[PDB]
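Here you get one chain, nothing else, as structure tokens; it is the form deposited without the named molecule.
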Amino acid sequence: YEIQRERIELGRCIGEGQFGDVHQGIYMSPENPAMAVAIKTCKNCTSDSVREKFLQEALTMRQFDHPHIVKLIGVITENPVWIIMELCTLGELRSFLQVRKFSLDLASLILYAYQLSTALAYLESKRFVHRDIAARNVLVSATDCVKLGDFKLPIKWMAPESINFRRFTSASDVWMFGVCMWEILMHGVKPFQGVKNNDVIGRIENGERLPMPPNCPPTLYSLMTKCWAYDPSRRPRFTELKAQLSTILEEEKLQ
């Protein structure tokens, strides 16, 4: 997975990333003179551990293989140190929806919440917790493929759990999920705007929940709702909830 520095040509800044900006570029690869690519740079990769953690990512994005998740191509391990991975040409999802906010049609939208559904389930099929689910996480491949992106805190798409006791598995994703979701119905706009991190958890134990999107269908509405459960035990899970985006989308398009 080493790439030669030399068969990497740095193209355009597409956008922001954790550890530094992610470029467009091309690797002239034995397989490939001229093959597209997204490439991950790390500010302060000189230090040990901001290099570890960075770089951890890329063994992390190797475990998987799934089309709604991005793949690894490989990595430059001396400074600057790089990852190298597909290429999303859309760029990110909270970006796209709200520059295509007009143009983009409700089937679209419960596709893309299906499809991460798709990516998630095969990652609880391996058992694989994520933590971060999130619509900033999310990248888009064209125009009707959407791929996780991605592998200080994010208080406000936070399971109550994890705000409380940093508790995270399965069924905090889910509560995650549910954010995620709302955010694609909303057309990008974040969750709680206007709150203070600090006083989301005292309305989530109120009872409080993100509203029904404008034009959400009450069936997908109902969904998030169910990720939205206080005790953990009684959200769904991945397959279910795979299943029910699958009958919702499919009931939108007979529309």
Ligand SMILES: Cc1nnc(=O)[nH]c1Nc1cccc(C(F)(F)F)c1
Given for the second form:
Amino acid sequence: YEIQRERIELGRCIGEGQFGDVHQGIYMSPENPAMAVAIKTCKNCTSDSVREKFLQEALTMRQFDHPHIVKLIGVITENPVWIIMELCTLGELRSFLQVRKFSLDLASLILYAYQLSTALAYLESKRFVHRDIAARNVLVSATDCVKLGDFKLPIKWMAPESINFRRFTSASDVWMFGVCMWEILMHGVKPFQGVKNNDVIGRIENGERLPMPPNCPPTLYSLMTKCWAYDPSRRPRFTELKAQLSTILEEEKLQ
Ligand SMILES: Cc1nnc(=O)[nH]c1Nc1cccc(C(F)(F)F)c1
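For comparison with the form deposited without the named molecule, would you give the structure of this protein in the form deposited with the named molecule bound?
Following is the full complex, with the preceding chain placed first.
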């Protein structure tokens, strides 16, 4: 997986990552003389601590093979350290939804939820817990294809047991997925706008939940609400979410 730096032509900055800017570029490879790629960079990669955390993402992504999870292409492990990834040419999901708010039909939004559910059912099948499911970590490969894209706490997305006890499980991922579905159906609006991170848990404990997005199907909102059961053992698994989203999608496409 090590790639010679001379094989990479760094292009334009496409966005911001947790560790530094992400660029588009070209990988001039034996298999493909002009492969379009994304290049993740890391500020302060001279710190062993930071570099270990950065490159851990690449190690993680290398373990997965799924149509809706972004693929690792390789790494450059000399300063400045870079991770070379599959390029998703339509960019981050939140930006995409906000810009295309009035060009995306409901069927596409449900499709995106469904595709993410397929990725997360796959991770569940491997007993992998993601811990940070949110629209900010999803990328758009085509107008009909989204992918999970990325391996201070995201309190507004977290399950109550995660906030209270720092416990993350497959069940907490489902809660976060519920929030991510809400985000999609809200065209990339963040949950709990105007609320302080410290006041989120009080509202959750008081039985409050994110409201039904405008134009959201009732079957779909009901599914979200099931993801947000206080007791983790009452939340569905991703196999059930995927099946229900497929039926909802098909009902929408028949409309
Ligand atoms: C990991 C990855 N793989 N393929 C990509 O095409 N982009 C990626 N990451 C990423 C992270 C943050 C922001 C943005 C951007 F450019 F805004 F979309 C992209």
